[PDB]
Amino acid sequence: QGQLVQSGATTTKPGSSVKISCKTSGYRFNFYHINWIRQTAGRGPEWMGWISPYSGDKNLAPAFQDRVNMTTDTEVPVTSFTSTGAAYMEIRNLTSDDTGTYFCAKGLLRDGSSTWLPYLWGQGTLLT
Amino acid sequence: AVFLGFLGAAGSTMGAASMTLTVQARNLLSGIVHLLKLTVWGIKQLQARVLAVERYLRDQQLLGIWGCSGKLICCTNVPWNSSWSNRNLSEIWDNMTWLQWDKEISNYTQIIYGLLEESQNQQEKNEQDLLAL
Amino acid sequence: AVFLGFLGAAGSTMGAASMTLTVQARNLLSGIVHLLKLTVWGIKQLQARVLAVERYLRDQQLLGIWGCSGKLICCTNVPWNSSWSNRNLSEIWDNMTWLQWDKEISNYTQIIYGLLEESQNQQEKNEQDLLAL
Amino acid sequence: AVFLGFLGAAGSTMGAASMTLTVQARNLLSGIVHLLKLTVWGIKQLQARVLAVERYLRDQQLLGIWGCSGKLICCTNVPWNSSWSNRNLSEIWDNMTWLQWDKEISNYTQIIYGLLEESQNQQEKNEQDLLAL
Amino acid sequence: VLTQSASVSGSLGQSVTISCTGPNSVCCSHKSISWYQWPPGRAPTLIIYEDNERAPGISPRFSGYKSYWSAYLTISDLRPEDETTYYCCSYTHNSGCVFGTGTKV
Ligand SMILES: *[C@@H]1O[C@H](CO)[C@@H](O[C@@H]2O[C@H](CO)[C@@H](O[C@@H]3O[C@H](CO[C@H]4O[C@H](CO)[C@@H](O)[C@H](O[C@H]5O[C@H](CO)[C@@H](O)[C@H](O)[C@@H]5O)[C@@H]4O)[C@@H](O)[C@H](O[C@H]4O[C@H](CO)[C@@H](O)[C@H](O)[C@@H]4O)[C@@H]3O)[C@H](O)[C@H]2NC(C)=O)[C@H](O)[C@H]1NC(C)=O
Ligand SMILES: *[C@@H]1O[C@H](CO)[C@@H](O[C@@H]2O[C@H](CO)[C@@H](O[C@@H]3O[C@H](CO[C@H]4O[C@H](CO)[C@@H](O)[C@H](O[C@H]5O[C@H](CO)[C@@H](O)[C@H](O)[C@@H]5O)[C@@H]4O)[C@@H](O)[C@H](O[C@H]4O[C@H](CO)[C@@H](O)[C@H](O)[C@@H]4O)[C@@H]3O)[C@H](O)[C@H]2NC(C)=O)[C@H](O)[C@H]1NC(C)=O
Ligand SMILES: *[C@@H]1O[C@H](CO)[C@@H](O[C@@H]2O[C@H](CO)[C@@H](O[C@@H]3O[C@H](CO[C@H]4O[C@H](CO)[C@@H](O)[C@H](O[C@H]5O[C@H](CO)[C@@H](O)[C@H](O)[C@@H]5O)[C@@H]4O)[C@@H](O)[C@H](O[C@H]4O[C@H](CO)[C@@H](O)[C@H](O)[C@@H]4O)[C@@H]3O)[C@H](O)[C@H]2NC(C)=O)[C@H](O)[C@H]1NC(C)=O
Ligand SMILES: *[C@@H]1O[C@H](CO)[C@@H](O)[C@H](O)[C@H]1NC(C)=O
Ligand SMILES: *[C@@H]1O[C@H](CO)[C@@H](O)[C@H](O)[C@H]1NC(C)=O
Ligand SMILES: *[C@@H]1O[C@H](CO)[C@@H](O)[C@H](O)[C@H]1NC(C)=O
Ligand SMILES: *[C@@H]1O[C@H](CO)[C@@H](O)[C@H](O)[C@H]1NC(C)=O
Ligand SMILES: *[C@@H]1O[C@H](CO)[C@@H](O)[C@H](O)[C@H]1NC(C)=O
Ligand SMILES: *[C@@H]1O[C@H](CO)[C@@H](O)[C@H](O)[C@H]1NC(C)=O
Ligand SMILES: *[C@@H]1O[C@H](CO)[C@@H](O)[C@H](O)[C@H]1NC(C)=O
Ligand SMILES: *[C@@H]1O[C@H](CO)[C@@H](O)[C@H](O)[C@H]1NC(C)=O
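Chains as they are written, first to last, in the authors' numbering: chain D, 1 to 52, 52A, 53 to 72, 72A to 72H, 73 to 82, 82A to 82C, 83 to 100, 100A to 100F, 101 to 110; chain B, 517 to 549, 564 to 663; chain B', 517 to 549, 564 to 663; chain B'', 517 to 549, 564 to 663; chain E, 3 to 9, 11 to 27, 27A to 27C, 28 to 95, 95A, 96 to 104. A prime marks a further copy of an entry chain.
Everything labelled a hint here was simulated from the structure, so no lab data went into it.
Subject to a maximum C-alpha distance of 20 Å in a straight line, what follows is the list of computed PhoX-like cross-link-like pairs (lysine-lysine):
no.: 1; chain 1: B'; residue 1: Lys567; chain 2: B; residue 2: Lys567
no.: 2; chain 1: D; residue 1: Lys23; chain 2: D; residue 2: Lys57
no.: 3; chain 1: B'; residue 1: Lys567; chain 2: B''; residue 2: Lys567
no.: 4; chain 1: B'; residue 1: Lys574; chain 2: B''; residue 2: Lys567
no.: 5; chain 1: B'; residue 1: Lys601; chain 2: B''; residue 2: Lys601
no.: 6; chain 1: D; residue 1: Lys19; chain 2: D; residue 2: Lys57
no.: 7; chain 1: B''; residue 1: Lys601; chain 2: B'; residue 2: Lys655
no.: 8; chain 1: B''; residue 1: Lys601; chain 2: B; residue 2: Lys601
no.: 9; chain 1: E; residue 1: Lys66; chain 2: E; residue 2: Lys31
no.: 10; chain 1: B; residue 1: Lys567; chain 2: B''; residue 2: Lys574
no.: 11; chain 1: B; residue 1: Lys601; chain 2: B''; residue 2: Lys655
no.: 12; chain 1: B'; residue 1: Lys567; chain 2: B''; residue 2: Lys574
no.: 13; chain 1: B; residue 1: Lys574; chain 2: B'; residue 2: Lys567
no.: 14; chain 1: B; residue 1: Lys567; chain 2: B''; residue 2: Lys567
no.: 15; chain 1: B''; residue 1: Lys574; chain 2: B; residue 2: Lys574
Please build the complete structure, drawing on both the sequences and the hints.
Below, the structure is given as structure tokens:
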């Protein structure tokens, strides 16, 4: 299983900075990364970055290197293998050319060569 | 290197815990469990001593009738009936922990123990026929 | 198929009972034999528990010093001295039961256990010399 | 031939005592050690019975995790670090007794038991990878 | 920079083959290739990762292949729901998903 409910469909104007929420269920939130993906209209899909809900380590593309703040808060044990977590997304020098749908997706496996690969996605959020 | 300790990788992936099996193996008959006095503590310690050798010998007897005496990792000739688990190799050894694996494989663990048992008895029957020449 | 059960082929021929050895093997340390109370029944059950692991380990120790650890059917290098039994292969495995066989082979069973013992000790001495190069 | 008896070659050279290992092996679980009465003698005999199977299973567990199940003489892949003993082969097997050898090798016997342990766990990991094809 | 096929189609029962290639910067021998089925403006879906390993549950008719210069994705025995857009991604073990241009099928 696994769910990743996302925040509302925010609507602001250039210069601002908005926060996107990703809330997880049905799986251990610490065991897999959290990826942030962007599907703009005037470009191909762009992988923004992933962050480690266990180690706190983060990794993002150079097109977002000093513009995005990725954060997660600690999970809440539900059962031995089920918890609830949350992941946050922010943009700095924000304009209106960054408009589109924003997705959150967790990693694929816990080890190997495709650990962080975005496997299970959220329903997305429309923006400005 | 790592060396997490006894049960140290119980939350790790099956492929990662499978490299540190000797860690759990040696702690199955030691602990701290000389005269035998039958005091309230003395009876308690005697039961703790008999119990450990009992549960240890049951597991070794299973490894024996499977042809896996003295092995921490032995391979078999029982093919994996996908109705036990249709999961793939990577989504097991690089994803699941032995605890959550044991949870979903628990129903068929008796079926598997019988196929391993008769695979070894038929195997030892073949090895005798091959050496009959 | 068949599956007669524990000791189910005790009256069958030696060749037929020899195919269902796992049936008797697994019932040598289980039965139904958690606090240790020393009541009249509690002492009785404790003796039943210690006794089973004792007689089980004696047989496994013999299989060990013979080079037959973990085997239900192992072959050896002790030739069959016909003064033990001058019967032929067919009139044994397709005629006698293990009970009546054990009856007439019982005198020399100690002689055989010594030859198996030193055959394994000399064999393990040779394997070391061969790996010395 | 010779046959000195149980511990009969304790004063002999390591190479000479090493040929009569079965002599000491079989006397590690027998002795003379049927109801369980808890008299002053009965408790004493029960402790003697549990103790023998305990110390016997500890040694067999070590032989297991080293890959030397059922062996009196097994060879390994742990090289001899000369800081354990810089003595030569002839001045050991044709000179020292196992007692005086155990006296000077006693400090590092724990170091050796760990290298043997992980050599077997890595060996069993390689054998699985080789049979994966 | 990871060029895919412009566009292509087939018929029910037939097969297709999408392409994915690029320079030494993102292809191919020293990179892994994943294949996402991505309907426009909805939750995507992983079909294949590590060049040819299908995600759990993915129908076996989806297949992956990687030459030394271009990765492929064959979609055998077509069905109605296949009319989506597909994107390839190049990645290593400690990096990001360099996505592909796109392919309408
Ligand atoms: C408990 O549970 C957690 C959650 O599952 C486990 O944490 C995860 O462990 C797995 C494997 O142990 C990790 O997968 C690996 O991922 C790395 C990618 O990280 C590398 O890249 C980072 C970004 O570039 C980089 O910052 C890292 O470098 C250092 O920095 C961080 C900072 O915190 C530090 O923590 C690191 O340890 C580094 O020192 C890092 O290098 C990837 O490199 C791995 O791939 C290699 O190894 C695999 C074999 O494992 C091999 O197949 C590959 O080919 C390649 O050689 C591997 O994929 C995962 O990232 C961890 N985190 C998650 C999932 O969020 C934890 O291990 C568990 N512990 C126990 C005891 O159970
Ligand atoms: C208890 O003790 C008794 C007495 O010893 C055992 O009974 C004997 O078992 C052995 C082996 O199990 C039997 O030897 C076999 O003999 C058959 C011949 O019988 C066939 O031919 C009959 C006449 O043509 C025919 O009627 C039979 O067909 C069916 O009908 C009967 C009706 O009752 C039915 O009971 C049968 O079971 C059949 O369903 C029968 O087919 C012969 O075919 C065998 O040879 C084959 O198998 C051997 C291997 O075993 C192989 O080497 C051969 O090449 C060949 O392929 C075999 O010789 C013997 O006949 C039985 N009866 C006696 C001796 O009186 C009993 O098994 C013991 N049970 C236990 C649990 O210990
Ligand atoms: C207790 O401890 C003592 C002291 O160490 C041990 O006694 C020593 O044992 C070793 C090996 O067992 C002996 O080494 C051998 O030496 C002989 C040389 O003796 C031969 O030559 C004599 C002179 O020519 C001759 O008299 C002997 O012949 C008989 O006469 C004596 C009279 O008492 C009799 O006792 C003998 O037994 C003979 O019956 C004798 O033949 C040498 O031949 C040996 O070499 C052969 O064997 C080795 C293998 O062992 C092989 O490698 C060679 O190639 C060759 O084939 C061997 O070197 C030593 O001499 C003994 N005495 C000492 C050291 O003083 C005793 O064994 C220990 N016992 C126990 C139970 O621990
Ligand atoms: C992200 O936001 C938090 C808000 O508490 C802040 O403390 C943190 O410094 C920010 N990250 C960076 C890299 O500045
Ligand atoms: C799997 O097991 C079931 C019964 O548990 C059996 O009917 C089926 O034939 C088995 N399948 C394979 C492929 O062995
Ligand atoms: C990892 O294991 C969990 C255990 O339930 C499972 O739900 C999940 O799908 C597995 N991951 C993959 C990628 O198969
Ligand atoms: C095991 O059996 C129980 C019996 O109630 C069932 O509920 C459960 O789904 C079974 N699990 C598997 C993996 O077959
Ligand atoms: C059989 O054993 C006797 C002693 O029990 C022995 O004398 C005889 O030589 C042996 N025969 C063979 C052929 O081994
Ligand atoms: C076994 O020894 C007894 C001793 O009285 C003897 O009567 C019997 O015939 C012997 N049996 C065999 C098979 O040697
Ligand atoms: C011998 O052991 C010591 C530590 O006990 C180690 O430092 C040394 O490298 C070892 N030497 C060899 C040759 O293995
Ligand atoms: C073993 O350790 C003791 C510690 O006091 C030391 O005296 C002795 O020399 C050591 N022996 C060897 C062989 O290292």
